[PDB]
Amino acid sequence: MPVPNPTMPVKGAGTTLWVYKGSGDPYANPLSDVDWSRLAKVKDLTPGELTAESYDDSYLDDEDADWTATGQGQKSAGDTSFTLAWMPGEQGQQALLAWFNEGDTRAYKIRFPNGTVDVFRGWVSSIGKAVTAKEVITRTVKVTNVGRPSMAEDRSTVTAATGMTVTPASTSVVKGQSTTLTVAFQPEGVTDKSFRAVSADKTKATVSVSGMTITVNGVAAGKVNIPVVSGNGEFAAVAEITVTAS
Amino acid sequence: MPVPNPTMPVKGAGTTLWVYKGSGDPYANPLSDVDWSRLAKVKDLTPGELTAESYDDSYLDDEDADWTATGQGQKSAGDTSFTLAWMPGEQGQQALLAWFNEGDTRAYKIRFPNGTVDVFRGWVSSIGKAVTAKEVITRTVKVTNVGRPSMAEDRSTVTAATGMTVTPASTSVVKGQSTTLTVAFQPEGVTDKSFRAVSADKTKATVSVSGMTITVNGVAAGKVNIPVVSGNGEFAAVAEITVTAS
Amino acid sequence: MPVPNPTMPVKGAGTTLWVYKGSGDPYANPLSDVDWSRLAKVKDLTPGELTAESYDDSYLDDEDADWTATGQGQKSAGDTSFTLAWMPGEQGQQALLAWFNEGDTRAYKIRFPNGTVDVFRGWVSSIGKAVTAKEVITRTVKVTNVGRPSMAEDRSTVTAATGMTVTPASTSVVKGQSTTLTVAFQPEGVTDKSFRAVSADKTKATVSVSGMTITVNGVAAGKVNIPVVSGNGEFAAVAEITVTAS
Numbered sequence: 090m091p092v093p094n095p096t097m098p099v100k101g102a103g104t105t106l107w108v109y110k111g112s113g114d115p116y117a118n119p120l121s122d123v124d125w126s127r128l129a130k131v132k133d134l135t136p137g138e139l140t141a142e143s144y145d146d147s148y149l150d151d152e153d154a155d156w157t158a159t160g161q162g163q164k165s166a167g168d169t170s171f172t173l174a175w176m177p178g179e180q181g182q183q184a185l186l187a188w189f190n191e192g193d194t195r196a197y198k199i200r201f202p203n204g205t206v207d208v209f210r211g212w213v214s215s216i217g218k219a220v221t222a223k224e225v226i227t228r229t230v231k232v233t234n235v236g237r238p239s240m241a242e243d244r245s246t247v248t249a250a251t252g253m254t255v256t257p258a259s260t261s262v263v264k265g266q267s268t269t270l271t272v273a274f275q276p277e278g279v280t281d282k283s284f285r286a287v288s289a290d291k292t293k294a295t296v297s298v299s300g301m302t303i304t305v306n307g308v309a310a311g312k313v314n315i316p317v318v319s320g321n322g323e324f325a326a327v328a329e330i331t332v333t334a335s
Numbered sequence: 090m091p092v093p094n095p096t097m098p099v100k101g102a103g104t105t106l107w108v109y110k111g112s113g114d115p116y117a118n119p120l121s122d123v124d125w126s127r128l129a130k131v132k133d134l135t136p137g138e139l140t141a142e143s144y145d146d147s148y149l150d151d152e153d154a155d156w157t158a159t160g161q162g163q164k165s166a167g168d169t170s171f172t173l174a175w176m177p178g179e180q181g182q183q184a185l186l187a188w189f190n191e192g193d194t195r196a197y198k199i200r201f202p203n204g205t206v207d208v209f210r211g212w213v214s215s216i217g218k219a220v221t222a223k224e225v226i227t228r229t230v231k232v233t234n235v236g237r238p239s240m241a242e243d244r245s246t247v248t249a250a251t252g253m254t255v256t257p258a259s260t261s262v263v264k265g266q267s268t269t270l271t272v273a274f275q276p277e278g279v280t281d282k283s284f285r286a287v288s289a290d291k292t293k294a295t296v297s298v299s300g301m302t303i304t305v306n307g308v309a310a311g312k313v314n315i316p317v318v319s320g321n322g323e324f325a326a327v328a329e330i331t332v333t334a335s
Numbered sequence: 090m091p092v093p094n095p096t097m098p099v100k101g102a103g104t105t106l107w108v109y110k111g112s113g114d115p116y117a118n119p120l121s122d123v124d125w126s127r128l129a130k131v132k133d134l135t136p137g138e139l140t141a142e143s144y145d146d147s148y149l150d151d152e153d154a155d156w157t158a159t160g161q162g163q164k165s166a167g168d169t170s171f172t173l174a175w176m177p178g179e180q181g182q183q184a185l186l187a188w189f190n191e192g193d194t195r196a197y198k199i200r201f202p203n204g205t206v207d208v209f210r211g212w213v214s215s216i217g218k219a220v221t222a223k224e225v226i227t228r229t230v231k232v233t234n235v236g237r238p239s240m241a242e243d244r245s246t247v248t249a250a251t252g253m254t255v256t257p258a259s260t261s262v263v264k265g266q267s268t269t270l271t272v273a274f275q276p277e278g279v280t281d282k283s284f285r286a287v288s289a290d291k292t293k294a295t296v297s298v299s300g301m302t303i304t305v306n307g308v309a310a311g312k313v314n315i316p317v318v319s320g321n322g323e324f325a326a327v328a329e330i331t332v333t334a335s
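Protein chains in written order, with the working numbering: chain A, 90 to 335; chain B, 90 to 335; chain C, 90 to 335.
Treat the hints with caution; some may be incorrect.
Copies of the same chain are indistinguishable here, so a pair counts whether it falls within one copy or spans any two.
To be verified - With a straight-line Cα cutoff of 20 Å, these simulated PhoX-like cross-link-like pairs (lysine-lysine) come out:
1. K218 / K231
2. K164 / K100
3. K293 / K130
4. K100 / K231
5. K110 / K293
6. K100 / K132
7. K164 / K223
8. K164 / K231
9. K223 / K132
10. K110 / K282
11. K198 / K223
12. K198 / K100
13. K198 / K218
14. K164 / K218
15. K132 / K293
16. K312 / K218
17. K264 / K293
18. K198 / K132
19. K198 / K293
20. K291 / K110
21. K218 / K100
22. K312 / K100
23. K100 / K291
24. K218 / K130
Bear in mind the hints are in silico, worked out from the structure with no lab data behind them.
Chain A extracted, bound-state conformation:
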């Protein structure tokens, strides 16, 4: 894949930011940074929790009601945490101290062992001296929200192909009327029941499969097209129904 699969390869190994302010794109290619500098180490890191607020905006379901005086607060979030470590010998906690003086938004990247290297932005939400015990100097900083470049159609739809031997109606229907495409089957040596035909156009038509028939409903004008393919291509049949403009 690229990133998304549900496997558990925990966390750790101490790789961490990797700050930048630079000039360029802070949400697309983060690997063009000229500032690109290690600050320290990580002990381990919280998940990426934004979190939220994220009002509603208070729907109910009480008293009807007349007007009546709603509110909202939207203070977005929620500051995102992680736990640092540093060794005397590593050089960068002074540039964390400089962040307390600076007060500004600094961008950064963190390697995950979870299959990504995500981009962060944030401000100095905890600073100064840190817990020391087994010589590592350990504390936290808390940070902010990210862009989203994710599609949902592509990646594509699965094997919708429990086909059947359909006899097509192939005949015009009145606008808003339903019609039936008869199902034959010969399931020799097997005796199936998995069959489940799929319409091409759902915008202007719809279909229900029950009763040993395909009920196609002419929701709007033109052509409704149902391609019935079996399995891995061992059978295919195409049927349509034309739908009136009135």
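Dock chains B and C against the given chain A, drawing on the hints supplied.
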């Protein structure tokens, strides 16, 4: 929309006047000003409270009474407030000090985050040195009344379309007489009760809907016209009653 | 900067006046004083509130009206406050007591932690014994108005440089007539819409940008000059329109 919707995106962000005296229209397009100059900053700004006086003119409901010696005061308002800030480095508080010397009516515009950029006029109702604490130099000025360009028919009336299958009376009535238009209904699979027919002309006629009938009242001569449309256009019927000139 | 930026470094730390009467400039360089003497301590100090009066001079918007008998009061202000402290061991409250006898206007300077060291003048608006509790001897004095040396053009105007590829009209217009400068654009890999050209001379001409064109209006005679520069200097084009003397 344009401006009017009931959402709460609070206030602030320090944008402020933007004074003019110029020449042109001080109540229609305020964005043709050649004087157009920032004075300072705003900390935040009061709502637009005029306020009022706005007498009555003292109706009652005591002693009948003979003549008897009423008064009025009408001193309109009421001076409208807001809270300024300024930094040494910003240049304009000297032109606020000049307003104390000048004494005159100055026009201005203020950006709101409330979806508008309203036009103000007013005079120097507070001046000189201001409260300083966190280096901003903060005070107030208080100002005056605005024009109104708002219609109420347009924006138009809502879906008055809980129709019914009416049988029309379609027959002349005497001037000032009432008449009945019978209601049939077939509400299959549903069993409604929402039905509520609407007259076109209310100037010279009126209608009451109760009792499973439409009582149309021939208030003045000519035609009274009742168009009964259902829902989204799934049924429509038109009925009229002619009303005598005598 | 020099002083003006909107940061909050609160107040306190007990540094305070620093009186003078001397001879020299009481509003430009206040650091040439030969009188220059600490009086005491400050607990903390009110912002610099003058305040005002600052009449108007009562414009309305009632009764038309014939002549009719207005007034004014202009009693400028408004006396400006601050809260003193003193320790037995500090030597200067006796010279505050002398101020009660003297009755006169005394000049002074106060260090702020707000990035300035502002100059004051005033008179003894509260005197004698003071509140003691945690051994500091604490009270107030109230004082008066200051000069203003602030420019507004300089500091200069921001990056007015959302340029465009203009084809210039470059042709004389009649006095008071409008004319159009056509806009081309090739925004490859980007698809912009930010473009917003700026005239040099607004005294004798004006310009509106809408409709995918630049409408330049020949308000008075000579040349109107529009320099269109993009961004950081990646494109530039200069266009003019000559305007008739009649």
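Results of checking the hints against the structure:
1. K218 / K231: both (16 Å within a copy, 13 Å between copies)
2. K164 / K100: Result: close only across copies, 14 Å inter versus 31 Å intra.
3. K293 / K130: Cα proximity of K293 and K130: none, with 57 Å in one copy and 30 Å across.
4. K100 / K231: For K100 and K231, only the intra-copy Cα distance (19 Å) is at most 20 Å; the inter-copy one is 27 Å.
5. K110 / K293: between (50 Å within a copy, 18 Å between copies)
6. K100 / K132: both (10 Å within a copy, 19 Å between copies)
7. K164 / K223: Neither. Shortest intra-copy (39 Å) and inter-copy (24 Å) distances fail the 20 Å Cα cut-off.
8. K164 / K231: both (16 Å within a copy, 17 Å between copies)
9. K223 / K132: both (12 Å within a copy, 16 Å between copies)
10. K110 / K282: neither (61 Å within a copy, 27 Å between copies)
11. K198 / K223: between (27 Å within a copy, 18 Å between copies)
12. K198 / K100: So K198 and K100 pass the 20 Å test inside one copy only (16 Å; across, 34 Å).
13. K198 / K218: between (24 Å within a copy, 16 Å between copies)
14. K164 / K218: Classified as between; 14 Å across copies, 30 Å inside a copy.
15. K132 / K293: For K132 and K293, the Cα distance exceeds 20 Å both inside one copy (56 Å) and across copies (36 Å).
16. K312 / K218: Neither: 71 Å inside a copy, 44 Å across copies.
17. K264 / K293: within (10 Å within a copy, 43 Å between copies)
18. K198 / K132: So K198 and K132 pass the 20 Å test inside one copy only (16 Å; across, 27 Å).
19. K198 / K293: Answer is neither; intra-copy 46 Å and inter-copy 23 Å both fail.
20. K291 / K110: between (48 Å within a copy, 16 Å between copies)
21. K218 / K100: Answer is between: at 18 Å across copies they meet the 20 Å cutoff, but 25 Å inside does not.
22. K312 / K100: neither (54 Å within a copy, 43 Å between copies)
23. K100 / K291: neither (44 Å within a copy, 33 Å between copies)
24. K218 / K130: within (15 Å within a copy, 23 Å between copies)
The structure shown violates the earlier hints numbered 3, 7, 10, 15, 16, 19, 22 and 23.
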